[PDB]
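Chemist: Listed here are the chains, written in short residue letters.
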Amino acid sequence: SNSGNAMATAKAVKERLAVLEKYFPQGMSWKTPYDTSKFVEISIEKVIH
Amino acid sequence: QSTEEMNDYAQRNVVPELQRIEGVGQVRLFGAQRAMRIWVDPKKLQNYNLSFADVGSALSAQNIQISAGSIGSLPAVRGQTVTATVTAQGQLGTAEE
Amino acid sequence: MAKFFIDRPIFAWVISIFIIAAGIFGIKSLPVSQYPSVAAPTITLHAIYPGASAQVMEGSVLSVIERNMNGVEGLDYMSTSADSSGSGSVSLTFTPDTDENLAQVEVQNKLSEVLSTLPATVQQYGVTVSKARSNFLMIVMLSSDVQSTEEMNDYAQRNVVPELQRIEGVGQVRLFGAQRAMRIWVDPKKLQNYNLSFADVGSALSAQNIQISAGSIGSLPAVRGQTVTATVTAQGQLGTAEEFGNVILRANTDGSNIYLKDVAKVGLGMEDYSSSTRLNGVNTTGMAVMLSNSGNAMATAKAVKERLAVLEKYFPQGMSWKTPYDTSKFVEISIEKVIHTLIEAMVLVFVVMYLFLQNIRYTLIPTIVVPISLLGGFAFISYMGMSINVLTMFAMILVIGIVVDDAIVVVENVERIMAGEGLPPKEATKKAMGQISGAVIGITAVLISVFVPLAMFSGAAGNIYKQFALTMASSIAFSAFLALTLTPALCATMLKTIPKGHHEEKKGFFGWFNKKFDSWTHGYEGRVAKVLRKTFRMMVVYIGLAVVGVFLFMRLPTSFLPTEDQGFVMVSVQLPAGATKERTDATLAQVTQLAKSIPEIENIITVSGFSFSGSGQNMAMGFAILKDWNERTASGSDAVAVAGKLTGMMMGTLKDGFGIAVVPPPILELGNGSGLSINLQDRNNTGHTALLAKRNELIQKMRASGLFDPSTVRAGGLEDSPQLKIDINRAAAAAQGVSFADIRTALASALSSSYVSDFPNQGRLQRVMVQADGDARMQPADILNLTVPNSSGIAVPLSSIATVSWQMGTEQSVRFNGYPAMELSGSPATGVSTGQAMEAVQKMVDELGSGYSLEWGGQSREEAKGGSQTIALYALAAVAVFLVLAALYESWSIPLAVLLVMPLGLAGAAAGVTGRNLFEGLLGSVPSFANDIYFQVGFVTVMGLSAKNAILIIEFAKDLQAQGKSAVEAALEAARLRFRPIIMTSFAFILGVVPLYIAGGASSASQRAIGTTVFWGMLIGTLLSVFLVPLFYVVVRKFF
Amino acid sequence: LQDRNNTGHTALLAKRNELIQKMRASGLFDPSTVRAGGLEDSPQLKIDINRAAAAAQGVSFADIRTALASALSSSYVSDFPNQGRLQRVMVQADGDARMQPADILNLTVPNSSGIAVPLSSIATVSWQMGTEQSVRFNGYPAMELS
Amino acid sequence: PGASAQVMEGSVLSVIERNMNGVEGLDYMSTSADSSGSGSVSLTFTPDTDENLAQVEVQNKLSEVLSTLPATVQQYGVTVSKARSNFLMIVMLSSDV
Amino acid sequence: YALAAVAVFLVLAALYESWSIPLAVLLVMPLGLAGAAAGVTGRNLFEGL
Amino acid sequence: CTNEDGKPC
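Chains as they are written, first to last, in the entry's author numbering: chain A, 292 to 340; chain B, 147 to 243; chain C, 1 to 1040; chain D, 680 to 825; chain E, 50 to 146; chain F, 874 to 922; chain G, 120 to 128.
A few of these clues could be false.
Here are the simulated SDA-like pairs of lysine to any residue, each with C-alpha atoms no more than 20 angstroms apart in a straight line [what the hints assert, rightly or not]:
id: 1; chain 1: A; residue 1: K313; chain 2: C; residue 2: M844
id: 2; chain 1: A; residue 1: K305; chain 2: A; residue 2: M319
id: 3; chain 1: C; residue 1: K500; chain 2: C; residue 2: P424
id: 4; chain 1: C; residue 1: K655; chain 2: B; residue 2: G225
id: 5; chain 1: E; residue 1: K131; chain 2: C; residue 2: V105
id: 6; chain 1: C; residue 1: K694; chain 2: C; residue 2: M844
id: 7; chain 1: A; residue 1: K322; chain 2: B; residue 2: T149
id: 8; chain 1: C; residue 1: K645; chain 2: C; residue 2: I598
id: 9; chain 1: A; residue 1: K313; chain 2: C; residue 2: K843
id: 10; chain 1: D; residue 1: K725; chain 2: E; residue 2: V56
id: 11; chain 1: C; residue 1: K261; chain 2: C; residue 2: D773
id: 12; chain 1: C; residue 1: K131; chain 2: E; residue 2: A103
id: 13; chain 1: A; residue 1: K302; chain 2: B; residue 2: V161
id: 14; chain 1: D; residue 1: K725; chain 2: C; residue 2: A230
id: 15; chain 1: C; residue 1: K189; chain 2: B; residue 2: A222
id: 16; chain 1: C; residue 1: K131; chain 2: C; residue 2: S91
id: 17; chain 1: A; residue 1: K313; chain 2: B; residue 2: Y155
id: 18; chain 1: A; residue 1: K302; chain 2: B; residue 2: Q165
id: 19; chain 1: E; residue 1: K110; chain 2: C; residue 2: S91
id: 20; chain 1: A; residue 1: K305; chain 2: C; residue 2: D76
id: 21; chain 1: D; residue 1: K725; chain 2: C; residue 2: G239
id: 22; chain 1: A; residue 1: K322; chain 2: B; residue 2: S148
id: 23; chain 1: A; residue 1: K322; chain 2: B; residue 2: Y155
id: 24; chain 1: C; residue 1: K261; chain 2: D; residue 2: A734
id: 25; chain 1: A; residue 1: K305; chain 2: B; residue 2: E168
id: 26; chain 1: A; residue 1: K313; chain 2: C; residue 2: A840
id: 27; chain 1: D; residue 1: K725; chain 2: E; residue 2: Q55
id: 28; chain 1: C; residue 1: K305; chain 2: C; residue 2: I625
id: 29; chain 1: C; residue 1: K110; chain 2: E; residue 2: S116
id: 30; chain 1: A; residue 1: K322; chain 2: B; residue 2: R158
id: 31; chain 1: A; residue 1: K302; chain 2: B; residue 2: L164
id: 32; chain 1: C; residue 1: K189; chain 2: C; residue 2: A795
id: 33; chain 1: C; residue 1: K265; chain 2: B; residue 2: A222
id: 34; chain 1: A; residue 1: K322; chain 2: B; residue 2: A156
id: 35; chain 1: C; residue 1: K131; chain 2: E; residue 2: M69
id: 36; chain 1: C; residue 1: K131; chain 2: E; residue 2: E113
id: 37; chain 1: C; residue 1: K131; chain 2: E; residue 2: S116
id: 38; chain 1: A; residue 1: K302; chain 2: C; residue 2: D76
Keep in mind the hints are simulated off the structure, nothing from the lab.
Required output: the full structure, derived from the provided sequences and hints.
Modeler: The following block contains the structure:
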């Protein structure tokens, strides 16, 4: 959303998914293979280094 | 689980939780939630001389919600002791129905 | 900054004039109310679906509305509640920082997207979005005893309400009652006599009561030569009961024309008939005046009462008005208390200054510089956009003490110099200021540092802390400024020289007191020398005292705000499931005759068919309004004692149903309430019996196996009642000629109401509703003998189709965050805190398999987040105080001498609270004082004052040692120099807070809490510091 | 000019007319520029349907309401594509049929039998003098002048 | 449609106006009705009061009272406007064909 | 007008350390007022003439 | 104090 953050939103989504996984039916799993925040975090880490 | 069942579960449980997170602008499911699909056959309609509006109206008129009321309503006669809610289903919920 | 103004008195007076003007202009533009807004934004929907049950209503309206609301920016959580009365609500709570107006606008714009998908009836009535927050001001009541509630409701809505809305300051007026309506009471027997049906009545009334738009003559595309234009008019609407009774239902070929009066009776009635109010037994119609943000409450109450007294000259015979409850007398009393404490503080400081300094022109400087400080505080309050409210005035009452301590310090130093060295006022003032200026700046910095964190909290308690924080900090900053500019010049220009050898010659009470205080000071310095002689013993004694204080502090209950006697008591009647409004009315009459007996209760309002714990025909609630506190000065005449007496009498006499009286909390929205509210959900939509079984299993796990005081734990919904269900056999219904449209028609028409059209009633439109007569709506046989017409027009018994039967069903639904939920309550008994109790219940709910979850409710949402913010803020404040003190003293070690007096004040406050709880448990009723918001505020205040005293002592001892003395000599002379101003400040502040120690009347609960804390903290902490601070200095200088 | 004692429209109109009259002939205002602001009230045509006779002669009321509305008012029937835009189709009588009051006094309504039943019998048309505008200012009835 | 000035006023415009009291920053109100069945309510705020907050508050006060207004009004809807009323230019298109 | 006069008085009293010279300076406003009013009146008379 | 809203009363 306009005025939204990428890293914060991605982290929040993944945490909520980790919490929601407790009520999944039998056999169902989740995974985010496409995530646009890993690049931001790795770039900030490299710059700080 | 089939992909239709998983799509339904997603829409029901996972999508509302995700779209009320701080920052999510909108969530899009690559699929659709479930529905009751009636697959009409025109040649059978003709064998009986029916229509498509016939099916539409037969469905709309037999799958309605009945809001019955209550026994012993507020403007009552002197000496009424008990009230009670009335309940009639009216709606259909399975494919055999 | 002090020498500049000691030489420029007129410049100082000009700045004070500017401060006074700013403060007055701020006081004249400040909103006056009882409380601020602490709760977070909430919006509600309030749909209406007459005749729908909890299940039908929920599933077809409320779920559909709610599942379009995820994504409204700022949503915290979401709730839903439907009952068997035909009304349901969706309640969205938003996080703080959210704009209530933008939130409501967004909720409405989302609702508009789905309004079409709801049933046709729900669309006819309309969904009403609105904000929950209310700024309640007053209640108006019109009682007649001679006219019905409909006539009174109509008169109110037409004459009294539209004139109260116009008064300045009123933000909304609400009438509690159903409007008028043209009621048609159809008789089904007469209907079937003529072979008509309810659909005939509905269609005829919709076809014969219609609005006609005729048009105009001489319209715009006209013929050449047209000279006149004119609008045509026609009246196609009915307006009276006779015209409605003359409606034609069937015109025969014979010309007989059967009418609507043949099969029904038409008269003006009401819309719902659900609720019914009474004041002291007689009919009433109540309004609710609500203040507008940035409005004055006292002025609006005065204007409302005057307007009503003017309007009363046109009331019909028997009617009269009355405002039983009014929430402006609270803020008025708070203002009066502020003024009285200011005046008594002036008297006390006058007496102290004259007794010690022994002259009159010393008692005029504080009298001049304290009001200016409070005025600057008012100015700052106004700038930041706050209001005048009960909490702001308590903050003023608290800050008066510090603002008088400043002046006492400065004037006592100046007089000491003038008397000891025989110097003129200018030189003496210059010397005193050179001694105390840096110390004053450091004290101000430290006070700001310790008061800031109170404003950086979160939640509702954060909004409650912000009042005290900002008010006190602003007042203290202005007091410091006035102490560095106006007090020095006042001392330099008003005070007169002391002749060399003037004192020691007094012959009277003054000489006797001088000798007495000289002896007391000598004894005091002897005792402090003894204390300094043995250092290890006194230091271990101090460590013991500090640890004991911390212990007594931790072993102290918790709370938010104590319940206060606000003048009224609430009552909640509840009869067995299935009762009617007649038995509820009888029980309410019993309750009224009971509350008449209690001589402390003046008025009693009674509401039927409604309660905060659900809305049903077998519910009700009252409002017992007590006399003024002036008359209720006795042991068993407070709100809690009256509640107890009333509950006892109820349990004694009530025949049908039970009732309980309670004293509600202070802050109605987010005010202290007790319990671990829970909302057990099921993610898999397993059903209602399964979720109920799981709720009961959890209640069982909690009751005995857990540690939750098994009496308190309880379910919080509404027990299931028997219902009447009608299976419809479609197979047999089709074997005959009965369709399924006619079954729905018959069932929905036999028992429920119908909104058909509108009609103009003397100025305003109203509804027209069709419903059966009462005699055809009462027994279960009125639904079983409902014949339905088959395809051949003939009737068919509904027993050969439906087979009605009795069953137990749910009378209430609830969703939380989109999942069916069921509320539970509880409370950890003692020794177990909310933290581990909540962890235990979370693990319990974890034991129940997937598809069942726990969601916290109410205040548990705030209590769930750890209390790490408080510890973090307090540690950061301590670090900031240390930094400021190191900057002031130019040492990294000396600040430790002032940081060691916090244990003393903490121990004093905790011991005073504990001792009061013991003394009132032995001879009194219950422990009333705990570790709540007011304890926190009073403790911060005592800590600030003790830090100020210690700062001055240490800064005086550090300069003396620099002159070439030892450390013991420096500490001794600093104590001997600071003895007198400490005694004066203590006398004044303690005798000033004493009136808060015995507070009785309006809001005396918080006043007693803060009074106890401050009194005992100041006393004990001063008595200890007066002897220990020199020792802290000595050991901190010898250790490093 | 507000009225706060709810004295009606005729009284406020008379007061405004006298105020306009003495604003002229005072010397401070130049006449011919002192004028009542709101649009003037003019005569209107009133139709008084008689439901008793309308029913005795076997005439519905929806029929009367359809007749009256259709004769003098444009109806918006549908939308048509005009050169790449949806625009409105509107039905209305031609000018000759909606110019005089006789064009509405001589209407007829379907009887159950299908007959004319002139509106002159099941109604009564007459001239009135109605208000063309009703203004309020701050909650009270007002009238504007300048 | 079809309502006189008096009926239109007393049934819609007074209903809205009475509720529109207490809006933060309101200076004075004024309504006006005509025999065409079309009226208005104009609310004039104090200068130094923002147009956007004023409009949102007015919209919220209107929605609450909207449920009671007549059925034809709700069907056509009540529109909001905050534009000036004095002209700036007048563009004249002319042609001979 | 009263606010302007009071502000002038207060500012002058602060700057020069007196409650008297501000009075002396405030006694000079009536001269300006008389001048301005007489000027407007006289120009009105002249234009009418 | 009726019609769904209790009021402090």
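Chemist: Run every hint past the structure and note whether it holds.
Modeler: How the hints compare with the structure:
Distance check on the hinted pair: A/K313 and C/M844 sit about 15 angstroms apart at the alpha-carbon level, within 20 angstroms; holds. As the CA atoms of A/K305 and A/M319 are separated by approximately 16 angstroms, the hinted pair is consistent with the 20 angstroms bound. As the CA atoms of C/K500 and C/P424 are separated by approximately 11 angstroms, the hinted pair is consistent with the 20 angstroms bound. Distance hint between C/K655 and B/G225 is fulfilled; the C-alpha atoms sit about 17 angstroms from each other, no more than 20 angstroms.
Between E/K131 and C/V105 the alpha-carbon distance is near 17 angstroms, which keeps this suggested pair within the 20 angstroms criterion. The suggested pairing of C/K694 with C/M844 holds, with an alpha-carbon distance near 11 angstroms, which does not exceed 20 angstroms. Note on A/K322 and B/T149: the hinted pairing holds, with a Cα-Cα distance of about 16 angstroms set against a maximum of 20 angstroms. Taking the CA atoms of C/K645 and C/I598, the gap is near 8 angstroms; set against the 20 angstroms cutoff, the hint holds.
At roughly 13 angstroms between alpha-carbon atoms, A/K313 and C/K843 fall within 20 angstroms of each other, so this suggested pair holds. Annotation: proposed proximity of D/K725 to E/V56 holds, straight-line Cα distance about 15 angstroms (limit 20 angstroms). Taking the CA atoms of C/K261 and C/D773, the gap is near 13 angstroms; set against the 20 angstroms cutoff, the hint holds. Between C/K131 and E/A103 the alpha-carbon distance is near 17 angstroms, which keeps this suggested pair within the 20 angstroms criterion.
For the suggested pair A/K302 and B/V161, the alpha carbons sit about 16 angstroms apart, so the restraint of at most 20 angstroms is met. Taking the CA atoms of D/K725 and C/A230, the gap is about 10 angstroms. The hint holds against a cut of 20 angstroms. At roughly 18 angstroms between alpha-carbon atoms, C/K189 and B/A222 fall within 20 angstroms of each other, so this suggested pair holds. Our distance criterion of 20 angstroms between C-alpha atoms is met by C/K131 and C/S91, whose separation comes to about 9 angstroms.
Only pairs whose Cα atoms come within 20 angstroms are accepted, and A/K313 paired with B/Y155 is accepted, the gap being roughly 14 angstroms. Straight-line distance between C-alpha atoms of A/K302 and B/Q165 comes to about 14 angstroms, which keeps the hinted pair within the 20 angstroms bound. About 19 angstroms separates the Cα atoms of E/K110 and C/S91, which keeps this hinted pair within 20 angstroms; it holds. Proposed proximity of A/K305 and C/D76 is supported: the alpha carbons are some 19 angstroms apart, at most 20 angstroms.
Between D/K725 and C/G239 the CA atoms are separated by roughly 18 angstroms; this keeps the pair inside 20 angstroms, and the hint holds. For a cut-off of 20 angstroms, the pair hint linking A/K322 to B/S148 stands: about 18 angstroms separates their Cα positions. Under the criterion of a C-alpha separation no larger than 20 angstroms, the hint pairing A/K322 with B/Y155 is consistent with the structure, at around 16 angstroms. A threshold of 20 angstroms between alpha carbons decides the hint, and for C/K261 with D/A734 the separation of about 16 angstroms falls inside it, so the pair holds.
With a CA separation close to 13 angstroms, the supplied pair A/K305 and B/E168 stays within the 20 angstroms bound. Under the criterion of a C-alpha separation no larger than 20 angstroms, the hint pairing A/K313 with C/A840 is consistent with the structure, at around 18 angstroms. Only pairs whose Cα atoms come within 20 angstroms are accepted, and D/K725 paired with E/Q55 is accepted, the gap being roughly 15 angstroms. Taking the CA atoms of C/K305 and C/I625, the gap is about 19 angstroms. The hint holds against a cut of 20 angstroms.
About 17 angstroms separates the Cα atoms of C/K110 and E/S116, which keeps this hinted pair within 20 angstroms; it holds. Proximity of A/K322 to B/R158 is assessed by CA-CA distance (about 18 angstroms); at most 20 angstroms being required, the pair is judged to hold. Restraint check: the Cα-Cα separation between A/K302 and B/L164 comes to about 12 angstroms, which is no more than 20 angstroms; the hinted pair holds. Restraint check for C/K189 and C/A795: the C-alpha separation of about 13 angstroms stays at or below 20 angstroms, so the hint holds.
Of the supplied pair hints, the one linking C/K265 and B/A222 holds, its CA atoms being roughly 16 angstroms apart against a limit of 20 angstroms. Restraint check for A/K322 and B/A156: the C-alpha separation of about 13 angstroms stays at or below 20 angstroms, so the hint holds. Between C/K131 and E/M69 the CA atoms are separated by roughly 16 angstroms; this keeps the pair inside 20 angstroms, and the hint holds. Proposed proximity of C/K131 and E/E113 is supported: the alpha carbons are some 10 angstroms apart, at most 20 angstroms.
The suggested pairing of C/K131 with E/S116 holds, with an alpha-carbon distance near 16 angstroms, which does not exceed 20 angstroms. Distance restraint check for A/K302 and C/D76: the Cα-Cα separation of roughly 18 angstroms lies within the 20 angstroms cut-off, and the hinted pair is therefore satisfied.
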